[PDB]
Every structure is written in C-alpha cells, then in structure tokens.
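Just the one chain here, the form deposited in one PDB entry, laid out as structure tokens.
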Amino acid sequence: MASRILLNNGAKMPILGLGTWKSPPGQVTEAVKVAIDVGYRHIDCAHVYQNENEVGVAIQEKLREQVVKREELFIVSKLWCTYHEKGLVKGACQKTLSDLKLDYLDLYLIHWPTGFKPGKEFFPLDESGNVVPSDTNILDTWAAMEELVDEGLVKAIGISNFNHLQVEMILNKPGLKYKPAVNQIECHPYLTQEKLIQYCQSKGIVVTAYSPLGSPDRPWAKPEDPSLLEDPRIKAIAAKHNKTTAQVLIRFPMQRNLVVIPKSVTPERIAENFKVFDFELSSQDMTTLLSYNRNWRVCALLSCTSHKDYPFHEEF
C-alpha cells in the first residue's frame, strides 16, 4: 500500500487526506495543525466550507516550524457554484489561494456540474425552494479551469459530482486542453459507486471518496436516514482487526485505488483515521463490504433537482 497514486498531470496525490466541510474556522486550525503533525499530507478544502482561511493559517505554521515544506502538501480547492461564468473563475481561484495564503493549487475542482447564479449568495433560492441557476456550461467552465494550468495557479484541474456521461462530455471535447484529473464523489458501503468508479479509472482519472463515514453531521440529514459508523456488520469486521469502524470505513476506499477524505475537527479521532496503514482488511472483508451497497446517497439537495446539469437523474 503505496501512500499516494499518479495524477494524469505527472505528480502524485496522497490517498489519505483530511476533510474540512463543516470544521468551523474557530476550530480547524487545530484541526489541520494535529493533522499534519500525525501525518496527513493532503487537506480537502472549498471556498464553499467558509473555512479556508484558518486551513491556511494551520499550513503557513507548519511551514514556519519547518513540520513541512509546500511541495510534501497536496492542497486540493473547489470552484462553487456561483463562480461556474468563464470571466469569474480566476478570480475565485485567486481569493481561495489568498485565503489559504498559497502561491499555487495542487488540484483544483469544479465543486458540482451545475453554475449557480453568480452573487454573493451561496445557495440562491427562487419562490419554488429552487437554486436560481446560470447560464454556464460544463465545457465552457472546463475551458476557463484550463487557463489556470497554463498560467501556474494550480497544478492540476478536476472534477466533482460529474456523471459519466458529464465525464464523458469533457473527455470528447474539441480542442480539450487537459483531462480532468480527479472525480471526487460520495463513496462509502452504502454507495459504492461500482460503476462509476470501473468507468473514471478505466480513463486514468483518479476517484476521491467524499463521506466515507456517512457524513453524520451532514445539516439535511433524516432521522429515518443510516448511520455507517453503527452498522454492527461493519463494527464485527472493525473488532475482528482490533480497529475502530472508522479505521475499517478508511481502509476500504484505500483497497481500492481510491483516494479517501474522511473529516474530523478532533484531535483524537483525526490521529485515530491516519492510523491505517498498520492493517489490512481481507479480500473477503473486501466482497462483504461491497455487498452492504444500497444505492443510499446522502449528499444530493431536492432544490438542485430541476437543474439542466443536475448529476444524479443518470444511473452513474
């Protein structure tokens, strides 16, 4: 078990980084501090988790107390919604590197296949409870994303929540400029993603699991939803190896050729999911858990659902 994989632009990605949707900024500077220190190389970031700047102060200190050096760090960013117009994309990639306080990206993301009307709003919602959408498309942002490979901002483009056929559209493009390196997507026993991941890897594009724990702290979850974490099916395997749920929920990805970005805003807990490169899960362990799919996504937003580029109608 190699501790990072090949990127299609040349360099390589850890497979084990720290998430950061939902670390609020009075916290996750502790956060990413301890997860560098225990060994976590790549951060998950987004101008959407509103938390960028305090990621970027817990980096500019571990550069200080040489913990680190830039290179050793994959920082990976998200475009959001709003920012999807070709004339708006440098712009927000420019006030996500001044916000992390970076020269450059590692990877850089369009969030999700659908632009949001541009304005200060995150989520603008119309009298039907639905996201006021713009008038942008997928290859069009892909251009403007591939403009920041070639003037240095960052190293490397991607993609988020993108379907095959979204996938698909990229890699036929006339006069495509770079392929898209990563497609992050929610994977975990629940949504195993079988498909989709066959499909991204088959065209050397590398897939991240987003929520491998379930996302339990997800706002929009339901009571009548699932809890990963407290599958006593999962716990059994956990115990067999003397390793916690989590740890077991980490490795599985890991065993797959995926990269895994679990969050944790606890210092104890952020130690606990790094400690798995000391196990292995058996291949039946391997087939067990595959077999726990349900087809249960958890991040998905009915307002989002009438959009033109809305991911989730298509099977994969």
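Positions refer to the first chain, counted from 1. Whichever C-alpha set is largest while still superposing within 1.5 Å between the two forms counts as the rigid core. Compared with the form deposited in another entry:
- With the two forms fitted on their core, the C-alpha shifts between these two forms stay under 2 Å for all of 152, 87, 129, 119 except 129.
The form deposited in another entry, contrasted with the form deposited in one PDB entry above:
Only one chain is given; partner chains and other molecules are left out.
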C-alpha cells in the first residue's frame, strides 16, 4: 500500500487524511496537531464546518515547529453552496485561505452541485421553509474554479457529491480547461458506490471516501439506523486480522484505490486510524465487505430534494 495517489494535475495526494466536520473548535486545533505529529499529511476542511481558523492554527504551529514542510501537507477545502456565483468564488476561496492561514490550497472542491442564494445564511430559506436556489449553473461554477488554478490560489480543483451525470456534465463542458482531480463522495460498506467509483476512476478522477466509519456523530442519527462500528460481521473481520473495526473500515477504501478521511478529535483514535499500513484485507474480505451495501446515506442533503441539481435521485 503506497501512501499517496497520483492526481490528474500531476500532484500526489495522501490516501489517508483527517476529517474535520463536527470537530469542535476548542478541540480541533489539538486534533490536527496530534494528527500531524502521528503521521497525517492531509486534512479535509470546509468553510461550512465553521472551524477553519482553528484548523489553521494547528497547521501554522506545526509548520513553525518544523514538524512538517508546507510542500509535504495536502490541505483540502470546499466552496459552500451560497458561493456558486462566479463572482463570489475567489473571495470564498480567499476567506478559507486566510482562515487556514495558507497561501494556496492543495485541492479545492465544489462542496455540493446545488447552488443556493448568496447571503449570510448557509441554508437560505423562503417563508415556507424551502432552500432558495441560485440560478448559476454547475458549468459556470466550474469555470470560476478553473480561474483559481490560473491565479495560483489552488493547485487542484474537484467536486463533491456529484452523481455520474453531473461528473459527465463537467467532463463534457464546452471549453473545459481542467478536469476535476477528485470527486469526494460518501462511501463505506453500507454505501459501496461501485458504479460511480468505476466511472470516476475510468476517467482518471480520484475518489475520496467520506464518512468511512458511518459518521456515528452525525446530528440526525437515529437509534434505528445501521452501525458499521458495531456490525458483528465487520467486527469478525477485524478480529481475524487483530485490528479494530475502525481500522478495517479505513483499510477497505484504501484497497479500492480510494482516498479516505476518517474524522476524530480523540488523540488515541487519531493515532489508531493512521495505523492501517501494517495489514492487508484479502480479496474475499473485500468482496464480503462490499456485500453489505444497503444504499444507506449519512449525508442526503434532505432539505434540498427539489433543487434542480439535487444529486441523489439518479441511480448513481
């Protein structure tokens, strides 16, 4: 298992990164410091997470300490839905750069294909409770992303939560200048994503798997829902390999040529989650894990199903 995957912009991306959604602002600085100390070189961020300043404090301190050099880090962030207008994209990127206290991002993603009305609210609502869309299309937002590469603000651009028709729409864009480097999508044994992964990989787009542990801290979790970390079938594979269930869940996407971004703010788990370069799942283990697919999503953007660009009505 090599530590980095080559992107279609010519740069290498670490296959294991630290997620930061829901990492409390008073804990995430130490989490990122610990992560860098124990080997992580890739941090997955987003403006909508509201903690980029605190992530940035950690990055800056570890650079100052010379634990790592900037060239060795791979920092990812994402353009929120209220910034899809072409004229808002640069400033959104620059706010993230300023908060993360970086001069460039390694990768900047369109967070979702759905654009929303700009303004202070991340989910602007009409009086009837619906999320108000923007009229800016997926292709115009991509052209604005391309400009960021040409201005030196970002080394790579990509997409997130795009279905294959939406990926295809970008690939088929008239005058396309840069292909997406990455599509970051939810992926785990209950949402195995075979069709969309194969499509993206066939086009040279690297896939990053989010919520690889099934996001047991997601805000909308119910009692009722399936639980990867507690699934006896997965626990048995882990026991066979003398690893934790989380370590199996992280190794699984790695062996599919995916990047994976487990989140933790717990120092012991941050270290555990990195210790996934010391064992191999068999092909039979891999097929067995794939067999658990349920089409179950942590992140279904349920408030936005009427949006024209909602991604999850299409089969993939």
